[PDB]
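Single chain ahead, by itself, as structure tokens, in the form deposited in one PDB entry.
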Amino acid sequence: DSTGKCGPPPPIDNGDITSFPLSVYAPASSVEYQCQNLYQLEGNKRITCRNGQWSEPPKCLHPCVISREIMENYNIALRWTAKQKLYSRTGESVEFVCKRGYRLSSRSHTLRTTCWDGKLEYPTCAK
């Protein structure tokens, strides 16, 4: 669309470019993005430099960190594993149990939750 050269590619949170950054990019030149370990790239991984501007860069969809602190606070615990920390990726499901002695105060379906961009809906238990 122009002979417009682009500057270095736009930065993205919890990710970076698969190449080494130049200061000047020729038109139709394109870079590729890679998100950090359990971050899901949402959008195009490849951005072209057309009309002296970069294409819309992607987002790195946040994973969910399930710490034992959180689980102890909601009086819950992981049903299927002994693990005290779990790094669920966006889209990965997680099933808890009410820690021995406590009963479920939240809705019944809330014992199984799915990770969505760093937000996992933890259930509540009380006694």
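Numbering follows the first chain given and starts at 1. Shifts are known only where both forms have a C-alpha. Definition used throughout: the rigid core is the maximal C-alpha set that superposes within 1.5 Å between two forms. First, how it differs from the form deposited in another entry.
- Once both forms are overlaid on the rigid core, the distance between the two CA positions of residue 84 between these two forms is 2 angstroms or more.
- Core-superposed comparison between these two forms: CA of residue 74 displaced by 2 Å or more.
- Residue 99 shows a C-alpha shift of 2 Å or greater between these two forms [criterion: core-superposed Cα displacement of 2 Å].
- Core-based superposition between these two forms shows that the consecutive residues, three or more at a time, whose C-alphas shift by 2 angstroms or more lie in 67-76, 82-85, 97-112, 122-127.
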Contents of the next structure:
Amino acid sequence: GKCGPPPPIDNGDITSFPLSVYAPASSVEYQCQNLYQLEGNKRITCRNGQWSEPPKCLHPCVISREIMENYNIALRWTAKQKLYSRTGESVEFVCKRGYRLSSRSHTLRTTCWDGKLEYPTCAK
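Having displayed the form deposited in one PDB entry, please output the structure of the form deposited in another entry.
Nothing else is written out below except the one chain.
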């Protein structure tokens, strides 16, 4: 029931030096890269010749200039610009001068989820 070296995961790394073989019941742990959020259990364990399932590193969201221009919005806090937001973090927008929240628009405050921000839309 020994295991080989643990699997790489995107945007994360194991916290220890990889070995060529691991005894059953051995474990290793992952950490996601800085702006990535680790989803699930960080620890994998060797049992019956296989590692358990690694966690996922959930993607940050990047602000889009073109979407913001198109939707007539700007970041609310010019001194606190979350150009990259972690999964679970919120970004707050405002309508640009001379615009108002459209009907059916998402709230001006919106949450990053694995790369995706649902942007609000303002109308003149």
